[PDB]
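Q: Assemble chain B with the ligand onto chain A, guided by the hints.
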Amino acid sequence: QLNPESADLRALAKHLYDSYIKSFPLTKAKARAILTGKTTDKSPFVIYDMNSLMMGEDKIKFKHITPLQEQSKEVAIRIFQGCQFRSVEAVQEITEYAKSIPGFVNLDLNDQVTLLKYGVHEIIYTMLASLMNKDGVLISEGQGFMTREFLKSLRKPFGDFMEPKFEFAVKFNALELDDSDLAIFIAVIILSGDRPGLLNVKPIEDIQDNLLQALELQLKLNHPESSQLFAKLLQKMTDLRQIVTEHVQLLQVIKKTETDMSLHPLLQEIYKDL
Amino acid sequence: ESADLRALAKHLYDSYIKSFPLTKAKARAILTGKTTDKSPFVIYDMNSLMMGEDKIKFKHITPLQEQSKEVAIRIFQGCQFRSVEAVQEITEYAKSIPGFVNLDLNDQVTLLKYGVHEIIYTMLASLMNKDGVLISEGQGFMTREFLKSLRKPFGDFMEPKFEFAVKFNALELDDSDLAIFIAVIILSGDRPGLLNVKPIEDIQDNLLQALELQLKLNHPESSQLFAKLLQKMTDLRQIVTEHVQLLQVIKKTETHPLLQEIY
Ligand SMILES: *C(/C=C\CCCCC)=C1/C(=O)C=C(SC[C@H](NC(=O)CC[C@H](N)C(=O)O)C(=O)NCC(=O)O)[C@@H]1C/C=C\CCCC(=O)O
Numbered sequence: 203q204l205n206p207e208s209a210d211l212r213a214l215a216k217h218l219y220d221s222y223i224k225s226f227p228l229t230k231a232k233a234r235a236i237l238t239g240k241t242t243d244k245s246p247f248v249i250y251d252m253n254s255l256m257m258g259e260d261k262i263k264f265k266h267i268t269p270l271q272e273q274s275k276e277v278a279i280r281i282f283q284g285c286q287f288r289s290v291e292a293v294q295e296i297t298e299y300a301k302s303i304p305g306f307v308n309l310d311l312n313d314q315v316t317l318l319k320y321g322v323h324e325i326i327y328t329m330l331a332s333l334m335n336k337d338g339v340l341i342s343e344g345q346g347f348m349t350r351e352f353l354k355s356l357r358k359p360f361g362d363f364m365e366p367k368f369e370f371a372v373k374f375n376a377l378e379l380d381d382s383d384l385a386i387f388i389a390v391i392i393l394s395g396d397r398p399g400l401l402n403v404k405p406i407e408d409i410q411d412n413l414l415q416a417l418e419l420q421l422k423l424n425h426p427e428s429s430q431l432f433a434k435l436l437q438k439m440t441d442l443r444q445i446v447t448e449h450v451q452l453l454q455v456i457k458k459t460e461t462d463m464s465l466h467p468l469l470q471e472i473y474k475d476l
Numbered sequence: 207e208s209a210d211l212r213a214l215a216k217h218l219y220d221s222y223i224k225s226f227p228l229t230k231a232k233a234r235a236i237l238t239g240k241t242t243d244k245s246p247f248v249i250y251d252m253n254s255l256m257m258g259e260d261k262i263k264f265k266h267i268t269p270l271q272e273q274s275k276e277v278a279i280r281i282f283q284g285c286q287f288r289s290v291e292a293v294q295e296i297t298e299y300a301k302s303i304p305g306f307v308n309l310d311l312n313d314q315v316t317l318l319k320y321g322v323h324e325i326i327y328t329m330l331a332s333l334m335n336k337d338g339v340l341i342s343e344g345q346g347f348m349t350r351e352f353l354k355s356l357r358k359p360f361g362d363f364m365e366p367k368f369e370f371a372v373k374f375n376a377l378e379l380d381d382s383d384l385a386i387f388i389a390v391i392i393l394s395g396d397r398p399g400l401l402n403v404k405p406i407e408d409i410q411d412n413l414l415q416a417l418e419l420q421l422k423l424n425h426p427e428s429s430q431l432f433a434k435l436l437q438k439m440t441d442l443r444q445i446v447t448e449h450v451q452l453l454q455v456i457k458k459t460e461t466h467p468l469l470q471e472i473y
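Going down the list, the sequences are from chains A and B.
Under the authors' numbering, the first residue of the first sequence is numbered 203, with each subsequent residue one higher.
If you count by the authors' numbering, then the second sequence holds residues 207 to 461, 466 to 473, one letter each, in order.
It is possible that part of the hints are untrue.
In the SDA-like style, the derived pairs of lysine to any residue whose C-alpha atoms are separated by at most 20 Å in a straight line are [claimed, not checked]: (1) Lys422(A) <-> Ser208(B); (2) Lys336(B) <-> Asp441(B); (3) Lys434(A) <-> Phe264(B); (4) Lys265(A) <-> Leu255(A); (5) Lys438(A) <-> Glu418(B); (6) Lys438(A) <-> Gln437(B); (7) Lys422(B) <-> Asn412(A); (8) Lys422(A) <-> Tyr320(B); (9) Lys422(B) <-> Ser429(A); (10) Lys438(A) <-> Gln430(B); (11) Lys373(B) <-> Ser428(B); (12) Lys404(B) <-> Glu369(A); (13) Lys367(B) <-> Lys422(A); (14) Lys319(A) <-> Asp441(B); (15) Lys438(B) <-> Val446(A); (16) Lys230(A) <-> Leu377(A); (17) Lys404(A) <-> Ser355(B); (18) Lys373(A) <-> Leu401(B); (19) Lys458(B) <-> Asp362(B); (20) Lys404(A) <-> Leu377(B); (21) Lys434(A) <-> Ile391(B); (22) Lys438(A) <-> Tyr320(B).
Partial list, computed: chain A residues near chain B (C-beta under 8 Å) [as the list claims (entries may be wrong)]: (23) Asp396; (24) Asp411; (25) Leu414; (26) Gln415; (27) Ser429; (28) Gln430; (29) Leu436; (30) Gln437; (31) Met439; (32) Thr440; (33) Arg443.
Source of the hints: derived by calculation from the structure; they are not laboratory data.
Ideal placement from N, C-alpha and C gives every residue a C-beta, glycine not left out.
Pulled out of the complex, with its shape left as it was, chain A reads as follows:
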């Protein structure tokens, strides 16, 4: 029965979950509630083509999304500008979450930065899965839903950015994880220790050990019938890396085909020598 040690690991879990809800406006629970439509008040406006996209701007928010524009001959780029600024915002959120992880702020400032530098995108694609289903992704805080088929057409350089995310999403979602799980998983991810350039690895590893211990307990307590979910979830981390590198390769292509498109310093500092 309940051990004194597992007692500490549950508190850590409740803490991270609590911090997660506090740091992320749109949880997986709200996303699913919107997608599985158990509502008449949360249904999103669907974008699957230009006209609906046109209607989209009309029916929903997002002008704050993409700033430097009156438009631009291309929808493909306009969308890119949006997903770009929104990533900026996610780093911001993830960064606020990191600070709540016990021990993270007590680490060397240079290592805190490197952990975020590499962990940010692996985290972004994990959570992005929460907003997806095999047919599309929620947008503008849940008010919209852009179809997977619209995105895959977009163009030639851009109709290839999201497919790998859906690929991972459909599979990662198969694990049926909920917010309380993801909160700890997201923590492990940031607290790697094998991140290129860490000055002091040991302290990071001890924090992760503990976080790994919290996740293990949490996964078995929340999914008793799910055999080896822990091991199965960890293996998923390799799918996140390929998403990342496959993405960077894509970005580099953008930097040449679109010399007129501005990116974003933050995202650039993140990618710089990644």
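A: Below, chain B with the ligand without anything else, positioned relative to chain A:
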């Protein structure tokens, strides 16, 4: 089931010793000095190699003319030949994994094709240390500096594995641990082209339970070792995609018609 798991472990271990001549222990004893008594020929430079060819006379890969005249390429060609042997050793070990042979033959083939590179590097770590690698059945030891000393893309091939090895070996797994770990890699349900994923994943689930238990009893001390080891599959996958890159780059070089057929 805790007994069933220890049986799976022992059977894999017993099976692993059967399929693999040079064990992590034999490789360690050698790398360190103990009990072997007959130290390896060191290849730390050109004369070392040239002299090595006639000693370890590891002349298999080479024997053939049309090549015995370009050192850096006779070395890479070296890794090839040996890697083809290991593959046959991996495939044999695979067939001992309970449930493997019962699977769809095409899947067995698919699991082996995508899994061998990952198994080759895991086992390469067993024969490496921060300063060098064990070659030709453990008879030799080609230094790490010498490998970088190789030019073109060549001095780049091995470095990434040494870097991986140093990190992997830090886990201090032994042959008993690796036997199970290698079986996990093979039973990966995410290999492209698979026809019947369920049996593969059910086998791996069971192999993972065995591996987890093996690490608890074998290293009660190392907390969360199981997790840290799984996180290593990320390093392997990446290290494999890269290796594949250099092969790409490598083609802007020299490569018999029956020889290339084997490799
Ligand atoms: C970007 C694709 C890849 C990530 C690139 C990162 C920089 C290298 C995304 C995309 O195309 C769609 C989304 S969904 C974002 C959603 N808002 C919108 O969909 C509005 C989009 C706009 N109309 C447009 O596309 O022009 C949202 O709720 N985002 C949360 C937020 O912004 O904080 C992804 C967005 C990237 C990350 C979101 C998940 C990360 C996390 O929650 O940790």
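Q: Report the numbers of all earlier hints that the structure fails to satisfy, in ascending order.
A: 3, 8, 13 and 17
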